[PDB]
Amino acid sequence: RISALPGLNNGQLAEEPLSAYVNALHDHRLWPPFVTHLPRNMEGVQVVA
Amino acid sequence: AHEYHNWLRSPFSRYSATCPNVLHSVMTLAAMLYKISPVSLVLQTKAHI
Amino acid sequence: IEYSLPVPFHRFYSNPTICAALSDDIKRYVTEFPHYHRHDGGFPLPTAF
Amino acid sequence: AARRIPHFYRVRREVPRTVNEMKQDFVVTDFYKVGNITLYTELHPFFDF
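Chains as they are written, first to last, in this note's numbering: chain A, 0 to 48; chain B, 304 to 352; chain C, 26 to 74; chain D, 534 to 582.
Bear in mind the hints are in silico, worked out from the structure with no lab data behind them.
Check the hints yourself; a few may be wrong.
Claimed, not checked - Calculated cross-link-like contacts (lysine to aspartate or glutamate; reagent style EDC-like; alpha-carbon spacing at most 20 Å):
#1 C:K52 with C:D65
#2 B:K349 with D:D581
#3 B:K349 with D:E547
#4 B:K349 with C:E27
#5 C:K52 with A:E15
#6 B:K349 with A:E42
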């Protein structure tokens with residue numbers, strides 16, 4: 000709740016929501032250090048093993 | 304060892320090394336993750352943050 | 026779940042989380058538009074309501 | 534209406550944001566600034582336009 004700006008993040012300016020531009024927690028490009036499942040969406044993200 | 308291309312640089316761990324183990328430290332770590340794109344900047348200013 | 030139908034009809038009672046859990050169409054809709062997930066009355070009600 | 538509710542969300546199109554909702558995200562001081570688009574509708578205390 001603190002991370003986003005709920006009062007102003009109602010919209011889009013690309014495929015991404017406004018909340019993704021304001022804070023990195025809501026940005027899908029930032030991954031958690033430990034993963035168990037791949038994310039649903041990976042538009043600009045490419046994973047290399 | 305690619306610090307410059309990482310998302311979280313040295314100040315993050317420098318802060319976490321000494322922060323008290325209280326909720327507010329978690330909140331501040333979240334607040335430090337605010338992005339500094341122009342869209343983020345206009346959203347932050349409109350909230351008067 | 027099989028016998029349950031979600032009815033978002035009021036700005037106080039339109040919680041997108043419950044509707045997405047109960048209805049697959051609403052789940053796809055919210056997946057397409059993540060900014061609609063919020064709870065401030067910004068979730069689009071059907072045109073009738 | 535209850536059966537038709539899923540059919541509304543079946544189409545993944547977003548809806549325009551109403552003007553009354555847009556008024557709510559200005560802070561107390563910048564409501565009066567020229568950046569408040571909606572001011573041309575705020576004509577009467579007791580009525581909406």
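**Request:** Kindly indicate which numbered hints from before are broken by the structure, ordering the numbers from low to high.
**Result:** 2, 3, 4 and 6
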